[PDB]
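Engineer: Here are the chains, one letter per residue:
There are 2 protein chains.
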Amino acid sequence: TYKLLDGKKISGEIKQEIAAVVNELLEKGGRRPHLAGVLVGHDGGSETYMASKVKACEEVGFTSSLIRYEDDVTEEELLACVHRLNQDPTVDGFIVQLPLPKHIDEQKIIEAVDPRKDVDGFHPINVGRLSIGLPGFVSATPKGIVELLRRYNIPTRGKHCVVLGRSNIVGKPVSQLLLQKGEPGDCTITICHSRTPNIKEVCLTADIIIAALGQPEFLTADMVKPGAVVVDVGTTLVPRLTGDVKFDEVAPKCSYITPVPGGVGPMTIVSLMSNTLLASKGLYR
Amino acid sequence: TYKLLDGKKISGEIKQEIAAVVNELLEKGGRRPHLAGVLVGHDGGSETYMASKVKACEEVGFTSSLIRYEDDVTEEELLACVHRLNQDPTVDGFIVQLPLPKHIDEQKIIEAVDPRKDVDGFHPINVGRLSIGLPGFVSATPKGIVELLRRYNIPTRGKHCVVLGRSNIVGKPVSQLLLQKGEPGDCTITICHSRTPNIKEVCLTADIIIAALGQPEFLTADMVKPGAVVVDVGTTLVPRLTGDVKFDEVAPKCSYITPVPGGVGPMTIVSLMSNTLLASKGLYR
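Sequence order for the protein chains is A and A'. A prime marks a further copy of an entry chain. When the letters of the first sequence are read in order and numbered with the entry's author numbering, they come out as residues 4 to 242, 251 to 296. When the letters of the second sequence are read in order and numbered with the entry's author numbering, they come out as residues 4 to 242, 251 to 296.
Okay, chain A solo, but in the shape it has when bound:
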């Protein structure tokens, strides 16, 4: 009775759409888009994060670069690398894996990125452009959440969207996207966090819930109004990878719901790919 917001499936169709644009570009004598990545240190997590973005470039048909520094690299050499990548016309977009070592000023490094190549959308100027409504790169995780809703023509105008979490990676940008005019958007937005005293009461008024707290089974059936659209952004490994939603009892109450895994995860990765294709064509979308 409930419908899946099928991230694996939608991802697949976007990958196919990207290949078609690249194949077309190749036929008229052009080069494949190129995503460069900068890694510092040998953190195992960040290492898997980069590896995942390499595999994705393979599947969509992108060239990929990866530079690996030791974590004693100076701010000065890292900034020089950013400027080199900014100026390299063979690199359409690039990303700097975070976090960086304590002695490096992350803000300085990221703000040195040219916004036209900031396909992660991490540059504060792109964050600000998003809030204002100007063209710029939208970061991958909120971009893919909003695309999931656009792809299922989910009604959003006049709907109450309850965002659980005020994180920079998800809660704030998704709120800004769904506050824009038109659909998807024109939501009334309530943003909840650790100091919200009545989260259950708030969720019971939600037409759409964005669960991005990072707490397993935080969202239970007694918090969800029948017919709700539920987006599960949580990613916690438990004794299995689950989201923030107790799927077993929540999903039957929903009109639409993302599974974990197979929901937001694949949309995030493929949204990074889309930003890279846009960058290669000199666009922000």
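I should point out that these hints are in silico values taken from the structure, not numbers from a laboratory. Take these hints with a grain of salt, some might be off.
Same chains, same names: a pair is fine if it fits in one copy or spans any two.
[Unchecked claim] With a straight-line cut-off of 25 Å between C-alpha atoms, the simulated DSS-like cross-links for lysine-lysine are:
1. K203 / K228
2. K18 / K257
3. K184 / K203
4. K58 / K6
5. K11 / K264
6. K184 / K111
7. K31 / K11
8. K105 / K184
9. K257 / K12
10. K111 / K6
11. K264 / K228
12. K111 / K31
Using the hints, position chain A' against chain A.
Structural biologist: Quick look at chain A' alone, frame taken from chain A:
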């Protein structure tokens, strides 16, 4: 029984605090802070807006510059003016009066401003820094609203703040400030706009209401929960300058409420002055 959020009064005390810092700086042999303004065309409104910022510089003891272009000025000469002001060490902050002529790219002009002198906080990089939580200039109107609450030690943690309006000048930045950790902040935020179908129902759950729709007597007593804090950002000339709040019946229900005039208006002007003082001392605050 209700208390005023007295903008005239609080403004006065901040002006006095600014004079003391400038007097101190003068005693140790320094120059007064300098605010430069750029005006294009002879719009009567924008003309009064600039004049107001000139008078304010007088009262706090700032030097003021004003350049006046005709509205056929080219993008190229305006950009050259921005770069000159960026590079002029006698100018601590400067502002470009908006709107600009149709043939000028406002985004290009504003983004050419050095963020360190963007005392209006209009540069998308400062808008983005605000959302992320990084130092940067906060635009004057939300800055002064939040200062009004800080100055009266208004409890905000765990409180439901209902923002009426999703404007770039007020609704979005005030929402971002009051979503920050700590006080003032840690509010649960609901942002309402023209597509919100149940604004009265939403306002009846508000501990704090930011009324920034620009509609006279939009907020009535049947929408306000007893004890609410009401900030009236509206500025409409009617057959008298009023705000969005029907003060006569709403104010008796409030713990605290801003009058119009005498509320947000003076805080906005003096907040621009504070950003200029901060810029003169190489700060963003």
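Engineer: Does each hint fit the structure? Answer for all of them.
Structural biologist: We went through each hint and held it up to the structure:
1. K203 / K228: both (10 Å within a copy, 21 Å between copies)
2. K18 / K257: Neither, since 30 Å and 54 Å both go past 25 Å.
3. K184 / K203: Cα proximity of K184 and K203: across copies only (21 Å, versus 28 Å in one copy).
4. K58 / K6: neither (29 Å within a copy, 61 Å between copies)
5. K11 / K264: within (22 Å within a copy, 52 Å between copies)
6. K184 / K111: Classified as between; 23 Å across copies, 33 Å inside a copy.
7. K31 / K11: neither (31 Å within a copy, 66 Å between copies)
8. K105 / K184: Answer is between; shortest inter-copy Cα gap is 23 Å, intra-copy 40 Å.
9. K257 / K12: For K257 and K12, only the intra-copy Cα distance (22 Å) is at most 25 Å; the inter-copy one is 52 Å.
10. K111 / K6: Neither. Shortest intra-copy (44 Å) and inter-copy (45 Å) distances fail the 25 Å Cα cut-off.
11. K264 / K228: The answer is within: 7 Å in one copy meets 25 Å, while 32 Å across copies does not.
12. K111 / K31: neither (39 Å within a copy, 33 Å between copies)
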